[PDB]
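Presented as structure tokens, the chain that follows is alone, the form deposited in one PDB entry.
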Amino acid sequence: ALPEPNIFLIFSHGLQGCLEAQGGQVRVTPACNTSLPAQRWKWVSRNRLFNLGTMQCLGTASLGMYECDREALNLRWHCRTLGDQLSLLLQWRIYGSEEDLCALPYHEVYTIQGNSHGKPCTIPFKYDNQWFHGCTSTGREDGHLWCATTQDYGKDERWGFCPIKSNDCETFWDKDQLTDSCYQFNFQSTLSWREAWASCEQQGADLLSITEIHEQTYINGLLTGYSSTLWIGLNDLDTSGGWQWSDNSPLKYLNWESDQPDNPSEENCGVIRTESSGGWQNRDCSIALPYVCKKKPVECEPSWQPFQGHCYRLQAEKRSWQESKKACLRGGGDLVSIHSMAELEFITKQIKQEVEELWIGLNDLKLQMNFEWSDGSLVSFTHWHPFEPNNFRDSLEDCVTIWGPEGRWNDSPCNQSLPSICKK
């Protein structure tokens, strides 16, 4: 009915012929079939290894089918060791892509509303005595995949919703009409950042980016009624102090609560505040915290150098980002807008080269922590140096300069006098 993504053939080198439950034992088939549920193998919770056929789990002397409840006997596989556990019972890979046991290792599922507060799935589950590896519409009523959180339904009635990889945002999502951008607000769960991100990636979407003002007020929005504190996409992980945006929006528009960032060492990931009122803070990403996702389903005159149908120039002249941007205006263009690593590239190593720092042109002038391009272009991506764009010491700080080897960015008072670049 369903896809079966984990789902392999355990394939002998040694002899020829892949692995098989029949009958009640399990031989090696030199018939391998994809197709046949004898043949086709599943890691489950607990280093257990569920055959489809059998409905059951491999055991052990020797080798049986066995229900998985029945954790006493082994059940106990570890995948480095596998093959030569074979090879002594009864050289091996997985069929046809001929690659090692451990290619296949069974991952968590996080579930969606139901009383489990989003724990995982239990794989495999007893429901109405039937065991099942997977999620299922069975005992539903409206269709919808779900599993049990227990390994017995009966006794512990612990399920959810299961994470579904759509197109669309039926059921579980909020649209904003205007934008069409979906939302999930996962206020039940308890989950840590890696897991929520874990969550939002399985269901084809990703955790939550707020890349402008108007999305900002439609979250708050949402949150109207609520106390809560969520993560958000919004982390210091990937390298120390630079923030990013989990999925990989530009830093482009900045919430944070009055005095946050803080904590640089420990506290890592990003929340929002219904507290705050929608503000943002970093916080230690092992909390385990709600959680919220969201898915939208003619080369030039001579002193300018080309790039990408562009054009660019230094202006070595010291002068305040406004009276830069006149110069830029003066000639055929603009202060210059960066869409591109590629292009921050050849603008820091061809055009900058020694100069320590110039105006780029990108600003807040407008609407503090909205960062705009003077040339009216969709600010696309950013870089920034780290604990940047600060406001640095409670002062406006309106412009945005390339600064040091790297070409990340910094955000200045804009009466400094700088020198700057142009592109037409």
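Definition used throughout: the rigid core is the maximal C-alpha set that superposes within 1.5 Å between two forms. Residue numbers count along the first chain shown, from 1. First, how it differs from the form deposited in another entry.
- Lining up the core between these two forms shows that one residue from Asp284, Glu98, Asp262, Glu108 moves its Cα 2 Å or more, and that residue is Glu98.
- Comparing the forms between these two forms on their rigid core, the Cα displacement of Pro386 stays under 2 Å.
- In a rigid-core overlay of the protein, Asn410 has its C-alpha displaced by under 2 Å between these two forms.
- Here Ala31 counts as shifted, since its C-alpha moves by at least 2 Å between these two forms after the core is aligned.
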Second form
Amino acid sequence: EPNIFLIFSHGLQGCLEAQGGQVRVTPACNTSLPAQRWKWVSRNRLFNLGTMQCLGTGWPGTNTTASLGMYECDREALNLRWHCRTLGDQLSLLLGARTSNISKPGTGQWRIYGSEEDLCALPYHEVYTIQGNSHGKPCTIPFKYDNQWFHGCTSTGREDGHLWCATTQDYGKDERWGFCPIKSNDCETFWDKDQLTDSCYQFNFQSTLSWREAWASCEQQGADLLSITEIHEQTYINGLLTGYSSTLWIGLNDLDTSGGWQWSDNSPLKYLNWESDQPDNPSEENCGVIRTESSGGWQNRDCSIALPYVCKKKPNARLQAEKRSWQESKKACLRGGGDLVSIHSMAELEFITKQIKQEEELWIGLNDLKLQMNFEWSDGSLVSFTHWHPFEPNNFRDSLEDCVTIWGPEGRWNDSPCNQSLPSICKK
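Structure of the form deposited in another entry, please, following the form deposited in one PDB entry?
Here we give the lone chain, stripped of any partners or molecules.
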């Protein structure tokens, strides 16, 4: 089982254990004894596998030094809260010393046993539930189910093998639960597969999660937040979304470089379904959504609001200085046997940055002339890479800017009116 560890004291040469109603260091360390096996769980609690309880100290009426004890993990009136960085020091401190220990005949770092990592090595990570009745809320670890404590996900209580967790600490009381995410290359359960491609989709209509939690939820399933890379993809999504009413997080965000738009996965931004007046509120709303209200259009929203979200996975997978309009800046490339330049890589971008361009604006082969905000190279190559300018493409004011420039020093692009007279670059 992952994330279970023994706690080894170098000073006292032994492992922490819980047994017989005591907490103590035993010189015989055994990785297979439940009394010696610990796990970090939620709310900074340290769970013992053999006792099924959490390490703590009390609040007695006698206001005096504390000692270690084991407690039912739902008793949060007590001090059940530790911190992995200071835990070793506090174990030593609270273990104390008997007079026998400091008066012997003849006149201490703690670590995971084995690997010898620090006690922060195996932190607890929240696990967002899938479907269930909990709207995606993380597992409550540990939880009680049929009078037993579980320190992780379990198939107990189900016949179908699917691992699940409670989303409170007592399922019998509350009956709130969800499935645990699984990493797999199959799309059969909790997924839908586009059969025309390798893509699998999960529309979690009933979940309410922040964009970051939704990102993590898709990550824990071996997937990523939806990226819409192609008119084909937006078409499938629109078909699937017909008849629903929902607003869902997708992988689009400007978070890193303000205004720089990107998929959370690495897909190029060659396709934009922004709604009419969106993006608005640039410093405010940093994360994209898709909405049925707009027949599949995209808005940006404050990333902390709780929304449903879509997960996706694909398991089976020289210059011309003469100023002219973009249009037949291409004609000048075609005659001469070439085409306006396409860029498939950041190196090919830098290949062209200082070398060919040599200090300002100029045309490349990227254009949306055929379908608005679906960008293609004029030389017909795959659009596998894009370097845009924050807020671009735009269509400044409401006006068609159907052709792309290199405006700026470092090679980032912009969509501008195709009749602006500018230099160009060709390739063959």
